[PDB]
Each structure stands twice: as C-alpha cells, then as structure tokens.
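Quick heads-up: it's one chain on its own, the form deposited without the partner chain, in structure tokens.
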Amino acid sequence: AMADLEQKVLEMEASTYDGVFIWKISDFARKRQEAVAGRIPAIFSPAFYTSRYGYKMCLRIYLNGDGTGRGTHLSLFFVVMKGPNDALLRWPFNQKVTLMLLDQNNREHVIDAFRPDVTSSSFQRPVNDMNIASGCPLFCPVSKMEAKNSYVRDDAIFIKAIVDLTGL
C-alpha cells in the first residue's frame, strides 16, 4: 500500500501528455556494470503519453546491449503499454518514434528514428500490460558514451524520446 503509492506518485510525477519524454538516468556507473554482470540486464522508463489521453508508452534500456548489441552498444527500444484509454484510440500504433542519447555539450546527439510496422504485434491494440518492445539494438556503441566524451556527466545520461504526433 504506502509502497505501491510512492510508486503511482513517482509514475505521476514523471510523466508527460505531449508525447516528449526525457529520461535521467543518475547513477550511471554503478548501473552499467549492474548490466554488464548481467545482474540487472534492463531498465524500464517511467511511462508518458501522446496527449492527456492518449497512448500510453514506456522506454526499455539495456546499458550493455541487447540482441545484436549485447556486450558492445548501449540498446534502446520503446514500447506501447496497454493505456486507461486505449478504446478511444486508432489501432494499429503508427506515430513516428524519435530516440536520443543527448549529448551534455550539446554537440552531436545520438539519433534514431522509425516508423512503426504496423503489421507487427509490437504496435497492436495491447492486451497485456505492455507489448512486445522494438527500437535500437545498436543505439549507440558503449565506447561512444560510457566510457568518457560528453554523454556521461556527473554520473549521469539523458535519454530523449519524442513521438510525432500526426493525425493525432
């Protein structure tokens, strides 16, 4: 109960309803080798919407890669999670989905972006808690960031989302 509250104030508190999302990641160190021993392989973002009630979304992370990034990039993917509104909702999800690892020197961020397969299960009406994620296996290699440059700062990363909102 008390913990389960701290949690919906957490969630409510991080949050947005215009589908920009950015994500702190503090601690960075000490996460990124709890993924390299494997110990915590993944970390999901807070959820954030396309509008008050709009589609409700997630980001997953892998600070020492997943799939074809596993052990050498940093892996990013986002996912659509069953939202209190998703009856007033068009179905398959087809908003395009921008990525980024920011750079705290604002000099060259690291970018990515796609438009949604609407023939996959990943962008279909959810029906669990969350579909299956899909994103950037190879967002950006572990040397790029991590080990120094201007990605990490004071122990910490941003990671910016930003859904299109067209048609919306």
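Positions refer to the first chain, counted from 1. Rigid core: the largest C-alpha set superposing within 1.5 Å between the two forms. What changes on going to the form solved in complex with the partner chain:
- Put the two forms on the same core and the Cα of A147 is off by 2 Å or more between these two forms.
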Given for the second form:
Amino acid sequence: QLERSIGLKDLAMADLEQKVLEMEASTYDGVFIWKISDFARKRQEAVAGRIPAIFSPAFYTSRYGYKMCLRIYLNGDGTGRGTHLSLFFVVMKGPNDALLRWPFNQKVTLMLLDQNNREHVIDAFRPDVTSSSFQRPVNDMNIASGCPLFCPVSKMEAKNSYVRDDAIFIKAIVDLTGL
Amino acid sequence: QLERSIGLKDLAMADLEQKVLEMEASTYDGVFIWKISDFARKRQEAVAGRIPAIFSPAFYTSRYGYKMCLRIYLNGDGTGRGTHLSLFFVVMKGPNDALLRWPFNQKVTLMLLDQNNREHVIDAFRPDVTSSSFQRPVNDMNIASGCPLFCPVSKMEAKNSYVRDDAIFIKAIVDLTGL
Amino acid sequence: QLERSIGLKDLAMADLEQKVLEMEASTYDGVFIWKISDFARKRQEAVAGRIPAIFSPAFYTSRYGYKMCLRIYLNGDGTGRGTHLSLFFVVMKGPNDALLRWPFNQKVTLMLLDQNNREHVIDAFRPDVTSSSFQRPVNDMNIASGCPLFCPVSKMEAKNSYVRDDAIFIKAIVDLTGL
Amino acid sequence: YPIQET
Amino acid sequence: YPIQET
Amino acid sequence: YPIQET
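Can you give me the structure for the form solved in complex with the partner chain, which would complement the form deposited without the partner chain we have just seen?
After this comes the whole thing, all chains and molecules, with the earlier chain placed first.
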C-alpha cells in the first residue's frame, strides 16, 4: 500500500504542475500569444502521426468571460493534411458559461508570428453561429474550427523567420466588440 | 515511519492545490463573481446546521489594494436565521494594509444573479466607518458585515432562475471611487 | 528506493511551490510593489555577510513583455558597501524575448516607501543602451544595474517611517512609453 | 447600513 | 468562414 | 546612467 501511494502522488503532481502551467499562460483581454518550443521534435511527432495536434493553454475574453484555447496540427488537418500547418480556434466549457450569451459570436484573428517582424501569417474569421463549434459547450471542448490551410508547410521549412531557436509563436486576437 | 512522511507531502500538496485554486479566482478590479456549485448539498449542510457559512475566495480593489472576500449563510444568520439567505462582505488582512487608508470606506454592492438575466437580487451599502468590520484587520478576517435579509429562502427554492445546474452565482462590486 | 523517491519529489515540490509563489507576486503593467518582511533578520544577514543580496519576484511591462525583477543589498554594494541600502533593476530572460525590441530602453523609477506617506526615497534612471545590463538576456538574469547609493543606512535606522512592523516596501515603476 | 454577521 | 477540424 | 552591481 505504501508503494502505491508513491506512484499515485507522482501523477497528482503532474496535474497540479500542469494546472500551474495553464495558470501562467491564461490572459483575460482576448489577446493570446502561444509559444511552442521544441518545435522540430513536435513537428516530427505530427508527421509521424504519433501526435497529430496540440492544444494551447486556455485564455479568456474577460475575467469571467468565454474560455477559449487554440488547436494546432503541425502537419495539417483535413484539406490541409500533410501540405499545410492547420490552426484552429476552440470554445471551451467555461465556469461562467451560464452567464454568457450564446452562441459565441466574436471575430477571431489567428497569426503565425515572423520572429523578424516581417511578414506575419495572418487570417481571421467570424463564427458561423449555427455551427456546433460555437454553441454553448456540453463537453470540455467544442469541435475546433478555423483554418486548415493556415500556412504552407514550406513557409516554415529550413531557413525562415517563423521558426527560430526551435520555437514558434502563434497569436490569437478575439474581438471584444459587444461584450 | 515512512508512512508518516508520505502523508506529510500529500497534505502539503493539498494546501498548494488550494492556493492555486484561490489564485484562479482572485480579481483586482473590485468586481467579483462567486460560483457556488453543489448547491443543494451545501444548502442542506446549512439547514442541518453542520456548515452554517461559507467563505468565498479572496479578491482585491487593485493589485496592491484591499483584500476582501464574501461570506454566505445558505440558511440565514441573525435576524434572517432560517428565513433568508444571508450575504456578507468581509475585509481581510492584506499584505499591503500598511499602505492603505483606514478605515475601509468603499461602497459595496452585493448580488444574487438570475441565470435568466432577468430579475437579479441586489442590495448595496456604505461602510459604517466606526464599525469593527471596517477597521484595519488585526486577524486574518474582520467580522463580516452586510445583508442578513438579502433574499428570502423561497426565492431560491425549487423552481427558480437563481439556482440552475445545482449552482448559483453571487457577484460583488466594490466602488473604487477615491482610490 | 524509499529515501530516493521521497527525496526527489521534495525538490520538484519546492519548485512548484516557488512557481506559485512567483505568480502571485507578478504584475503586468510595469508597476511593482515589493514587500520585504522579517527585515531585522534579513538586514542582519547582509551586515554579517551571509546573504548580501535578495532578488524580488519577477514582474512584467505587459502580459507578453519584458520580464524583470529587483535586487537589493540591505547593507550596500560597491560604492555603497556598508554605508547605504543599494537597490538595482534586473532584466531577466523572458519567454517572449525574441518578440521584443533590444536593448531594453525604458525609464525606471525606484522607491523606498515611507509608511507614513510622507517623504518617499526616490531615484530614477534611463538605461545605458550599450550596457550589458540591458542587452537581450543570455542567462536567467542580466547583471543588475541601478542605485548603489539609493538610501543612507541611517535613514532607515531606529525611529523612522520606512521600517514598520519589521517590513519595508520597495516600489518600481517602468515607463511603458513606446511599447 | 451594513449589519454585522452574528 | 471557419472550417471545422476533422 | 544606472550603475551596475559588483
């Protein structure tokens, strides 16, 4: 029984440490910057098919607003499978969802930052209020929605300004108009 | 012997989980929304007299301002014992108390939110500067002060819009005028 | 294996407990208030030469801006050794450094607060953009830079308004002009 | 006027 | 117009 | 200008 408690406390720690990790990243003004380090390795795991996508830490539109996160496929998804970097927006089940207006209807802007401040890969969209991706969450996360053809897998190949020090920066901006 | 040391850690980690939980809730603009889940059970524990009151997580007027929290009695307190929901405001001992002006003299507004955004139970008050509830804290928490007859226990009984999904939302707004 | 397993976990905890201690102190508007408790002992450990300096928790100019902290020598450093309280500013290695402009070029104002809101010890400075203290961090922390002769060790002697309840407050203000 | 808890 | 993940 | 720590 004593040996058990050991293996148990070890995981309970990973969760708390993960919860602290999320905490350090959450923002509450609708502007989020996601840093993905160890890019090469993660990019490989995606091409290899071992880990197709990664979720970013959660962020909010306001202190008690919508809870959201991003989901990225380093080797593309659907119509961008294998050819592009696919970036999606995710509406998460929030603590105060009962106090918010549904469906989610805020404009979202996704960006792959040029670490030379040059040409930033940018794309935006307005939610389709009839889509399940923007209705009030029933599960932890709604179906991700966004850009399957966000960025050609070549625009971030060998010598480019998006990947630097084996890390990339994704930025999201959620318009707060009407909230 | 080794069984003792293991519990030691498990306890310490429980505390850390509590602290992180606290931070996840603190705000610094004087506006606070408290979500009380598992309401029916908590309501019961109060009627049964086993747990008369609950303290909310702490919140602040500014990053280095007053530290405050709320205290609720799901089955009333004092003149409202057994007939009303009693809601109070609490001035807590803050780290920066030495830098703040005393006694606390900010207007406070307490609310029980209608989850149908219709009729919110609202009440407000201005501190009685001679009350010990607003003197600079000597202990962790000053004597709570507020509304003993905030809301009739019938307003949130059975079929109503305040209790939904077995949870209610309390909101506090601390006027920042003069700070 | 027991002394080994239980041993490692204690370190990871110290870290997590540290990360969490940092987070609750960090601000993101360039204004920081550092509370130093147990002053008498800390002051002594500096005079005795066991602990010459202390680093404050980190703070930022914006959510994804520069990471900074302060370093104090309760018994002076360099030209202020033994005669003054020396206070320095520190540019730390930030998560988003690659996205920021270098060298660091923001005006910094340091203050030792009078707990009687009377006369605050104040000094400010503009970075020397060619100094190593302000180039992009290569290690965790760049060399601290600031005020070796911030405050005479006598000002905060016996009967004064800076030390109260065995604690002092240091405040830093980082001008955000241009960011 | 605030009323203190009992 | 957002496209859902598959 | 700021003076570096020693």
